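Visitor: Given next are the chains, with one letter for each unit.
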Amino acid sequence: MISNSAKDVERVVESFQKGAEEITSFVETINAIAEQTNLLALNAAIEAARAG
Amino acid sequence: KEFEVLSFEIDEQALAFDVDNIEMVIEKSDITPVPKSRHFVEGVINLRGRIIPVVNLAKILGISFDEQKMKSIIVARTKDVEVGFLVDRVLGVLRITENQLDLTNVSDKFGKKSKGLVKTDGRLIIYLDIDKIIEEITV
Amino acid sequence: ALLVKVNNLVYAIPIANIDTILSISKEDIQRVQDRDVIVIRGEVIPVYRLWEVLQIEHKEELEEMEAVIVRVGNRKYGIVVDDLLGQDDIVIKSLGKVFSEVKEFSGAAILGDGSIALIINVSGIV
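Those protein sequence lines, which keep their order, are chains O, D and C.
Just so we're aligned, residue 324 is where the first sequence starts under PDB author numbering, counting upward by one.
Just so we're aligned, residue 9 is where the second sequence starts under PDB author numbering, counting upward by one.
Just so we're aligned, residue 546 is where the third sequence starts under PDB author numbering, counting upward by one.
To be clear, the hints were calculated from the coordinates, so they are not data collected in a lab.
Be a bit skeptical, because a hint or two may be false.
[Unchecked claim] Pairwise CB distance ranges (calculated):
| hint | chain 1 | residue 1 | chain 2 | residue 2 | range |
| --- | --- | --- | --- | --- | --- |
| 1 | C | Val636 | O | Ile356 | 33 to 39 Å |
| 2 | D | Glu35 | C | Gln632 | 31 to 37 Å |
| 3 | O | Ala372 | D | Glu35 | 37 to 43 Å |
| 4 | C | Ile637 | D | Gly70 | 34 to 40 Å |
| 5 | O | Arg334 | C | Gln632 | 32 to 38 Å |
| 6 | O | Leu365 | D | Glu35 | 35 to 41 Å |
| 7 | C | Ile637 | D | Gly130 | 51 to 57 Å |
[What the hints assert, rightly or not] Restricting the straight-line Cα-Cα distance to at most 27 Å, the calculated cross-link-like pairs of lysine-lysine (DSS-like) are:
| hint | chain 1 | residue 1 | chain 2 | residue 2 |
| --- | --- | --- | --- | --- |
| 8 | D | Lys120 | D | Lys140 |
| 9 | C | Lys550 | C | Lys642 |
| 10 | C | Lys642 | D | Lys140 |
| 11 | C | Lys621 | D | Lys87 |
| 12 | C | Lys648 | C | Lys638 |
| 13 | D | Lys127 | C | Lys621 |
| 14 | D | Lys127 | D | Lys140 |
| 15 | C | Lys604 | D | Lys87 |
| 16 | D | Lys44 | C | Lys621 |
| 17 | C | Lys642 | D | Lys36 |
| 18 | C | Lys642 | D | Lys120 |
| 19 | C | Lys604 | D | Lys44 |
| 20 | D | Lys67 | D | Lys87 |
| 21 | C | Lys571 | C | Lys642 |
| 22 | D | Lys79 | D | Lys67 |
| 23 | D | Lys123 | C | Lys642 |
| 24 | C | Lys642 | D | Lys79 |
| 25 | D | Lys67 | C | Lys621 |
| 26 | D | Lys44 | C | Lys648 |
| 27 | D | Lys87 | D | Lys140 |
| 28 | C | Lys638 | D | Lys44 |
| 29 | D | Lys127 | D | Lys36 |
| 30 | C | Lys550 | D | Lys117 |
| 31 | D | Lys9 | D | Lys67 |
| 32 | D | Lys44 | C | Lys642 |
| 33 | D | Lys79 | D | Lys117 |
| 34 | D | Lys44 | D | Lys79 |
| 35 | C | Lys642 | D | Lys121 |
| 36 | D | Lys9 | D | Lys36 |
| 37 | C | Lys621 | D | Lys36 |
| 38 | D | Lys36 | D | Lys121 |
| 39 | D | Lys9 | C | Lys642 |
| 40 | C | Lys642 | D | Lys67 |
C-beta: ideal position from N, C-alpha, C; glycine also.
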């Protein structure tokens, strides 16, 4: 039963290594969206700052 | 006449110009690079609220140098402009006499920008003229 | 002005002249029979690398680069820059009488943190 239970630790470890690459690409997307929002906002700002 | 001049060397060669034309002396810390600069200038620094150019003296005169050994900026002062000159070690203030002063500069590269040559204590201290040196660097 | 940096050196860009600020890909940029161009909105824009037109040593390797499109006369060229610092209303001072020959800068300036920043001339780069 410690065989079956310790093998079920490898089920949790390989579930967390799947979730790590998952969340990492979701966070690399939140970096992309924020850095594009930053460049977009600085265009509105630079085009607004000459429009009277 | 008893002129008091600022004494300093470049690659073991002695030079000097008057104290009348000095603003201060500093150690080179972060000289801002100016793109497309002529070969004899390092860049610009802010001193005493003014934007001072830092020229490299030896590249105006036509004499040898080392640019990791040179680390002293001597800031000058004319009516027209204030300019810093990057060189090696500095000595300090020296009162010179006309009796040990010769006017032979026939063989010198910067010899029409030199007021003379001071033959004091076995050294060959060449006396410069700030004005005519500054007229060459201006564009 | 829009303060931009290359080599961590402040270069100011006149806001009034601008047209957009765009992050472009390295795959897109191409040469026809002259200097670098980029096809943007199906139009062809003559892109320039700030550090090249100023003749200063800079990074070797390609990356996705930030470009500022500046307008001049009836046209507009691209200026590629490294990082974007931040806008401010600055005070234009003289470039200096040892630098008279340089056509790319109209005037130096002292920023609020005491940093020196040169101001680019919009018609000085071709």
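Visitor: Indicate, hint by hint, whether the structure satisfies it.
Guide: Consistency of the hints with the structure:
no.: 1; hint: C:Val636 / O:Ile356: 33 to 39 Å; result: holds (37 Å)
no.: 2; hint: D:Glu35 / C:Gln632: 31 to 37 Å; result: holds (35 Å)
no.: 3; hint: O:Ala372 / D:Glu35: 37 to 43 Å; result: holds (41 Å)
no.: 4; hint: C:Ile637 / D:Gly70: 34 to 40 Å; result: holds (36 Å)
no.: 5; hint: O:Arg334 / C:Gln632: 32 to 38 Å; result: violated (54 Å)
no.: 6; hint: O:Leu365 / D:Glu35: 35 to 41 Å; result: holds (39 Å)
no.: 7; hint: C:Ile637 / D:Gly130: 51 to 57 Å; result: holds (53 Å)
no.: 8; hint: D:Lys120 / D:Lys140; result: holds (8 Å)
no.: 9; hint: C:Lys550 / C:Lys642; result: holds (25 Å)
no.: 10; hint: C:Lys642 / D:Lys140; result: holds (15 Å)
no.: 11; hint: C:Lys621 / D:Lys87; result: violated (44 Å)
no.: 12; hint: C:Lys648 / C:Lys638; result: holds (15 Å)
no.: 13; hint: D:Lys127 / C:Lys621; result: violated (64 Å)
no.: 14; hint: D:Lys127 / D:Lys140; result: holds (23 Å)
no.: 15; hint: C:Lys604 / D:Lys87; result: violated (43 Å)
no.: 16; hint: D:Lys44 / C:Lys621; result: holds (24 Å)
no.: 17; hint: C:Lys642 / D:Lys36; result: holds (22 Å)
no.: 18; hint: C:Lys642 / D:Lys120; result: holds (23 Å)
no.: 19; hint: C:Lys604 / D:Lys44; result: holds (18 Å)
no.: 20; hint: D:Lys67 / D:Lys87; result: holds (24 Å)
no.: 21; hint: C:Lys571 / C:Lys642; result: violated (39 Å)
no.: 22; hint: D:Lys79 / D:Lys67; result: holds (15 Å)
no.: 23; hint: D:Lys123 / C:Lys642; result: holds (25 Å)
no.: 24; hint: C:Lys642 / D:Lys79; result: holds (24 Å)
no.: 25; hint: D:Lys67 / C:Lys621; result: violated (40 Å)
no.: 26; hint: D:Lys44 / C:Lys648; result: holds (10 Å)
no.: 27; hint: D:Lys87 / D:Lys140; result: holds (13 Å)
no.: 28; hint: C:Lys638 / D:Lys44; result: holds (18 Å)
no.: 29; hint: D:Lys127 / D:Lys36; result: violated (31 Å)
no.: 30; hint: C:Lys550 / D:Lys117; result: violated (41 Å)
no.: 31; hint: D:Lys9 / D:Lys67; result: violated (31 Å)
no.: 32; hint: D:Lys44 / C:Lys642; result: holds (14 Å)
no.: 33; hint: D:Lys79 / D:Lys117; result: holds (24 Å)
no.: 34; hint: D:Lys44 / D:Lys79; result: holds (23 Å)
no.: 35; hint: C:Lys642 / D:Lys121; result: holds (20 Å)
no.: 36; hint: D:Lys9 / D:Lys36; result: violated (34 Å)
no.: 37; hint: C:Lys621 / D:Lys36; result: violated (41 Å)
no.: 38; hint: D:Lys36 / D:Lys121; result: holds (26 Å)
no.: 39; hint: D:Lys9 / C:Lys642; result: violated (34 Å)
no.: 40; hint: C:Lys642 / D:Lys67; result: holds (18 Å)
Against the hints set out earlier in the document, violations occur for numbers 5, 11, 13, 15, 21, 25, 29, 30, 31, 36, 37 and 39.
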